Every structure is written in structure tokens, then in C-alpha cells.
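One chain is shown next in C-alpha cells, namely the form deposited without its partner chain.
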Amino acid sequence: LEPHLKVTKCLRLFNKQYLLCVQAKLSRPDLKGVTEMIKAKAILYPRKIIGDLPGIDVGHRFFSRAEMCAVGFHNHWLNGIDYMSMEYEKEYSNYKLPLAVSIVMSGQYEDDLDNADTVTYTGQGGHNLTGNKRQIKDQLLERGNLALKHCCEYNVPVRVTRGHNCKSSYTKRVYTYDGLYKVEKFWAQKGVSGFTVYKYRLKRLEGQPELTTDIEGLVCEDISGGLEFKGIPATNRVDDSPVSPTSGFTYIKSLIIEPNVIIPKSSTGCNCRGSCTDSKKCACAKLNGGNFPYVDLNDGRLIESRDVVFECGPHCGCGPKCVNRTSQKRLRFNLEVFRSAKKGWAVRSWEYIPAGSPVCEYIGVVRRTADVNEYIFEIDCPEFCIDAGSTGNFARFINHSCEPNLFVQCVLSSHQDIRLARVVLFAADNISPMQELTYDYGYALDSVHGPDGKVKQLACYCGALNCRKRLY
């Protein structure tokens, strides 16, 4: 129902198509992903819209031009100016068409001038796509240039999105929707390359979140023992307790099996050598239904959720680099444990996390549920659970949300007993720096009874729009 959720699910569907095209090794799988979205009538906003799109807030970060196409936010994958064609002329009979609704500024036009709240934006045309990429002939008042002129004359604002470079390993560039701007005036003049260009002076409208630019409270330098490949610092700027999240608690990197929990028969595994790449020859690809569930992109991303993923294991002939061991690899991201206002400790990332990336296995002591307060994860892909109450990895610090950005994935690798699957958290969405990582704990309402005559209730503080207000 709710538009932010619609946007989320559209973007997840695009990400699925994208990764499937990457697996098929198709040219420009981003664009192919869009074509698949069009075929499936899955473009969220299939017609042009003036102003804001519901579910797309000012500040929204897009991870490719293609994503913007998938949502319907900006319909060309290349073109800087998106406008209503003459098809829209009866719908908007009092405006003069064409009429622009969205522009992208990515530093490609030498005449562009970016001063944040004020922008001088170059029209389209005569722009070289090959070479030093300069203007190579005069522009005229046509196409997008006309569209922008009409915006100026009819007081129709345009959405403005900026491309930004990232020094991250996995995402090279991001596009931020920076809000509505009015087209104040336009004119022709000689550009820096000596040919005529049209220029559009844009001024950011008020009534919007401010444009923004861009270790305090450290309580522990690395909550792992140096056991994670990337250290995980902890902070507390909520109060000044000097207490670390590690007090009382022993960080571990591998599961601990309680003595009365059975150790199932080891998986037979595959006979591939080095890395598994041929899905015909690989028994582990066969277990998954014939294809690998992970794609070899950004050190391994899960294409889509499954009842269970079958990874290579102890007896496979392949080494640790195998893409079908994706969730077994080193922590890829710089993370931080921080004190939340009302949920206790919480986890966020300092880096971008691509959708489908593994975040972590839930590590703790595996116990029979019959033998077992707030750090237990039942394995239900329930006879067995993972207890991180006294020992575990960082997973136990991740909070619940009614609108999460991580999801739970069961993985079999050491053995084939589904009751004892590994529990692994993957990014459901593309996650930006400093966003809290969360998953849905999945408790039923009124499942919990206090030791007396009361249903026991626990308030949710996830802050989501559709919060429902109770963990249970």
C-alpha cells in the first residue's frame, strides 16, 4: 500500500532482474534489467509526473541511472533531461508541451555550474560522447531545451538529481534526488568550447529538506578480538556510560555446538577444483536446482532468496575463493556498533552495501530449544536454536524493524540437516552509509506469555511508517 514500501519492492525486483542478467553474462545487465521490468509491467510510475513521486523522498539515493528508470523517476538511461512528449498535450492542455519534469547533473557538460541551491544547467545537443567529450556544435531551442523553456514559462518545477563519485569498492557512483528547482530564466550564449549553448538558471524551491554537504564517544576500538577481518568499533553518544557492548560477552567467529546437539553426517560435496564455475559438473550447483545461487560480482551477491541455499563445504574440492562459498568469506564492510536511544545497541555501516551481499552469519551456541534471554535465534527453515546470550559474533547486536533492510537466509554447507542450517543475514536493499542494519524478527503478536497471568508485550521502536508497534 504505502508508497515507500512500493518503491522498496520495485527496487528489489529490479535488483533481482539485474543480478539474473549479470549471471547470464548479458551486455549492460543494468539496462537489460530495465527491459525485463518493462516486459513485466513492473515500472512503478509508468507515466510522467510533475513534482515529487510518492515514496521517493528528497535525498533519495539511486545506485544507477537504470534504477531510476525501473522506478519511473527518470525514464531515459542516458539522456540528462526527461520530459513530457506531445502525447501528454491533452492531459495538460493549459501548459505548452514538451515540458520537462526531471534532470540529471553528472559533470559531463563543461558549461554546467553547480552552486547547490543555485545551478546553471546546460541544455542538450551537440555534446560529444566520444573523445574529450566537449561541445562540438551549436545547440538550438529543441527537445529538452524547449521542455525546460516551457517549465520556465509555466512555473513548472523540475526534479534535480546529482551524480556523485564514491571511493567505495563496490559502488563507483550514486545519484541523489536533491529536490524540486524552479527554472528562473534561460538564454543562449557561446559555451566554453565556442559553440552556442542554452543555459538554464535553476533555483531550489523552499519547503524542502535542506541540501546537505559531505571517533566521538568511542567505547571500544574493535568489539571482535581482532577476529573479524575489518574491526568493529563501538560508540555511545546517547549517554556517557563507558560500558562496552563486549562486557561479559565473548566474541567468537564460529558456531559452538552444545554437547547434546547432534553433529549431522558431513555433506559429500563436489569435485570441482579451485573455484566452482561449471554448473553441469558441480554437485553443489545441482543441489540448488542446476544453477549457482550467487553471482560473482562485488565478491559475491545472492541473486534471490530461497528456502535454503546449498554452499560448498568441508569436502568440496574448491578453495575459499569459490563463489558458492559466498557467505563463508571475510566481513566485507566497515561496521559500527552504536548506542540507540531506546533499543539498546545497534549496528550500522560506514560503507555502501549492495543488495544481495552477505552481512553476517548469526553465530552463537547451538542448543536444543527444549533446553532453553534476548539473544536467541530459532533455526526454522523448531528443534534447535542459536544462543548468543553470552558468546557470539556481531549479529546479536542487529535490531528488529517492521521495514527491514536485511533478510534471513538459511544455508547448508557443513551438512544437509535442515534443522541445523546456518542462519545468514543478507542485504535485501542497497544500503547507504550510516543507515542502521535491521531484520524482521518475525514474532507473532501475543506469542509471549509472562510467568503469571499476563500476555507479555514488547513495544517496537523501529520508527517505520508502518510500524505496528510491537515486537510481540
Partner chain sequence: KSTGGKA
The other form holds:
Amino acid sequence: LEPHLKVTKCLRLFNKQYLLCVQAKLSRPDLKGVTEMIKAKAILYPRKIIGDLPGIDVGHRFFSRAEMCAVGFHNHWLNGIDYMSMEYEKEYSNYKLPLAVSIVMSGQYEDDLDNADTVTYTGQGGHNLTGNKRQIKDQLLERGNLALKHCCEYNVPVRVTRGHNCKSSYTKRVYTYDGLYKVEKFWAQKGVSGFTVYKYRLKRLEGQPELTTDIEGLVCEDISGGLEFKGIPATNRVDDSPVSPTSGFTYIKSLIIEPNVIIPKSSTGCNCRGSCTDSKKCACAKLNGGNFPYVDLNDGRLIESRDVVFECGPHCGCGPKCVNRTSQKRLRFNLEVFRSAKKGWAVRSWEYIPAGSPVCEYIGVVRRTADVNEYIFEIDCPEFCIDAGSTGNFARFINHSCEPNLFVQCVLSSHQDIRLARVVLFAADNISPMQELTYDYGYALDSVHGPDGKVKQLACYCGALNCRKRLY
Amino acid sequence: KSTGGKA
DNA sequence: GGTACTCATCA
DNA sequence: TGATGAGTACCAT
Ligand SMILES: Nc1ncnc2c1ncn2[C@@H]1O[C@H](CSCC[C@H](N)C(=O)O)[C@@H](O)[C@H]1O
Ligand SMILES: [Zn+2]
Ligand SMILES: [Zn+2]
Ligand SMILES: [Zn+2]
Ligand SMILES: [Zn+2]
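Shown: the form deposited without its partner chain; wanted: the form deposited with its partner chain bound:
So here's everything in the complex, that chain up top.
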């Protein structure tokens, strides 16, 4: 309903289409995804907008030019300048069209000069897309150049987005929306290559969050035993009085099954060699409905949520590299546990997490529900639960949010008993560094009773704009 | 932390 | 109807 | 590091 959630949803839909196109092995699956969105009339803002788009805050990180197209934020996958054409003339009759609404600075034009609050942005045209990427003929005062000129003449602000190189395992580039700028002035001159360029001097508008530039409180060098492939440091910056989250808790990477919990019969598995690629041969694919739920991208990404995912298991002929073993693989990301202000322990990531990437299985002691605090995950896809009260992996440190960036996916691999499914946290969204990882616990309101009939309640502090204010 | 699920 | 244009993306 | 890539924007050899 609320604009941020509408944006979130639109971006999830685009991610789904993208990964489907990657799986279908199409060229430029990023662009194909957008084409799918256009076909489905699923572009969130299908008409041009001057100023801010609801739900896209200053600082918003886009993970591709295509994502910007999918939301309607910037409608060309290539062009630096997006503008209202003469089609908008009647709607904006007090302005002269064309009018620019959004530009992208990606450091591709040799005459661009970036000074943060102040920018000198080269017009479009006469630019080599490839090779040396230099100017190769004169520019003209038309199209985007004319559009920016009209912006200057009418005091119409332009959204400005910067490309940034990333040294990340999976994300090469990111685009940050940096707020509105005015076109202060513009002129023509010879560029550094000797051809005419138009130059647009832009000044960031007041009233916006400051442009941002880009070991402390350490309590534990690694909450895992050295067990996780990547260490998980813990910090308390909130309290002197710095006990570590591991106290009273022992880290395990594997489920422990209680005596009174029954171990289901093992699944038969598939007969593929090496890796499972063909949905015809592979029985595990057949279990998934005739298709692989994971795509082989960035070490494996879930295409979309399901009632249950059927992974290759102990008896499958495939080795550990199989893409249908995606959630079984080692921790892919550098994470941190940190003391929050009033949720206690929290987890965040130090690197980018692509949507569909596994974050972790919820590991603990599998107990019968009848035989049983805060760290119990009921398995429902309820007879059984995972008790991470005293022992488990890092999953138990992940907080609830009413607007989560993770989701829970039931996975079967070693057996076919949905009662005892593996519980795996996957990224629902593309996640940026230092963003807290959260999922929706989904306790129904007024769930726990004392009971004198008295409703025992817990206040929620996810800070989300649509918080419903209660865990239960 | 129970609920989930997306056929 | 036709097509020049285009601050990506990836092997 | 080349070769595509696709949706328009405006023209209408
Ligand atoms: N959104 C939220 N607001 C307030 N407390 C929260 C919360 N999400 C989780 N918690 C707290 O964390 C517990 C879930 S276990 C999550 C880890 C916890 N922060 C810890 O320190 O170990 C809940 O019982 C609740 O007390
Ligand atoms: Zn396999
Ligand atoms: Zn197989
Ligand atoms: Zn298998
Ligand atoms: Zn909340």
C-alpha cells in the first residue's frame, strides 16, 4: 500500500523476471526482465515525473540501469538523460517541452566534472559508446540537451544518480539516487577532444539529506567456532558492560535431533553425475515440478519463493557444487552481529547480498513442540520446532521486522517429511552493506496468553514506517 | 518465528 | 512507418 | 576489451 512497499514489490517482481531470463539463458536478461515488466504493465511509475518519486528516497541504491527502468525512475537502459518529450506538452502547458527529469552520471563522458554538491554534466551526443569512449563529433542543442536547457530556464529540478564501481563478489556496479539538482546554467564550448560539447552546471537543492561520502566495540572476534567459512565478529557499541552474545550459547553448524524426535526415512535422490543440469533426467527437478528452483548465478540464487524447495541430498549422485544444493553451501557473506538499541542482538552484512541468495539455515536443537523461549522456530510448511535457545548457528540473532529484507523458505533435501523441513533464510531483496537483516516472524496479534485470559504482549521496534507496533 | 510460504 | 540515437552489460 | 541491445522520439529519403 505505502509507497516504499510498492517500490519494494516492483523490484521483487523485476528480480523474479530477471532470474527467469537468466535461467532461460537469454541475452541481456536484465533488459529482457524489463521487457517482461512492460508487457505485464508492471512499471510502477509508467509516466514521467518531475521531482521525487514516492517510495524512492534520496540515497536509494539501484543494482542496475534496468532496475531503474523497471520502477519508472529512469526509462532508458542506456541514455544518460531521461526527459518528457513533446507528448507531455499539453499536460505541462505552462512549461516549454522537452523537459529533463532524471540524469545518470557514470563517468563515461570525458568532459563530466563531479564535485558532489556541484556537477558539470556534459550533454548527450557525439560520444563513442565503445572504444576510447571519447567525443567524435559536435553536440547539438536538441533532445536531452534541449530538455536540460528548458529545466534551467524554468527552474525545474532534475534527479541525479551516480554510478559507482563495487569491489564485491557479486555486484560490479551500483547506482545511487543522490537527490534533486537545479540546472544553474549551461553553455557550449570545445571539449577536451576539440568538438563542441554542451555543459550543464548543476547545484544540489537544499532541504535534502546530506550527500554522504564513501575494530570498534568488538566483543568477540568470531561468534562461530571458526566454524563458519567466514568469521562473524560481534560488537557492542551500545553498552560498556560488553558481554558477548556467545555466553550461555554454543555455536553449531548442524542440527541436533532430540531423542524423542523421529528421523524420517532418507530420500532416494537423483542419479546425475557432477552437477544437475537437465530437468528431464534429474528426479530432484521432477520433485520441484519439472524445473530447477535455483539459477546458477552468483553461486546460486533462488528464483522465487515456494511452498517447498527440493534440494539434492545425501544419496544424489551429484557433487557439492550442484546448483540444486544452493542452501547447503558455505556462508557466502561477511556478516556482523551487533548490539541494537533495544532489540538486543542484531545481524548485518558488510557486503552486497543479491536477491535470491541464501543467507542461512535456521540451526538449533530440533525438539517436539509439546516438550517445550525467544529462540524457537516452529516448522510449518506444528509437531516440531528448532530450539536455538542454548545452541545453534547465527540465524537466531536475526531480528523481526514488519518490512523484512529476508524470507523463510522450507527446504527438503535429506528426507521428504515436511514436518521436519529445513528452514532457510533467503534474501528477498538486494541488500546493501550495513543494512540489518530481518524477516517477519509472523506472530498473530494477541497470540500469547498467561492466561487469566490476560493477553501477554510484546512491543515491536523494527522502526518500519508501517510497524503495527506489536510482535504479538 | 513460525510463519512463511509462497506456493 | 522508419531509424538514428544511446553515461550498459557480458562473454 | 567488442557487439549487441531495445524503446523511444521525432521525422517522415
Ligand atoms: N523488532 C523487534 N522489536 C523489539 N524486540 C525485538 C524485535 N525483534 C526481535 N526482538 C527481540 O529479540 C527476540 C527474538 S531473538 C532475536 C535476537 C535478539 N535480538 C537477541 O538479543 O538475542 C525477541 O524475543 C525480542 O525480545
Ligand atoms: Zn544435484
Ligand atoms: Zn540430479
Ligand atoms: Zn538430486
Ligand atoms: Zn514493527
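Shifts are known only where both forms have a C-alpha. Numbering follows the first chain given and starts at 1. Throughout, rigid core stands for the largest set of C-alpha atoms superposing within 1.5 Å between the two forms.
Superposing the rigid core and comparing between these two forms gives a CA shift of 0.2 Å at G225. Core-superposed comparison between these two forms: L129 shows a Cα shift of 1.3 Å. Core-aligned Cα shift between these two forms at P451: this is 4.9 Å. Where the rigid core is used as the reference frame, a consecutive stretch of 3+ residues with C-alpha displacements of 2 Å or more between these two forms occurs only at 450-453.
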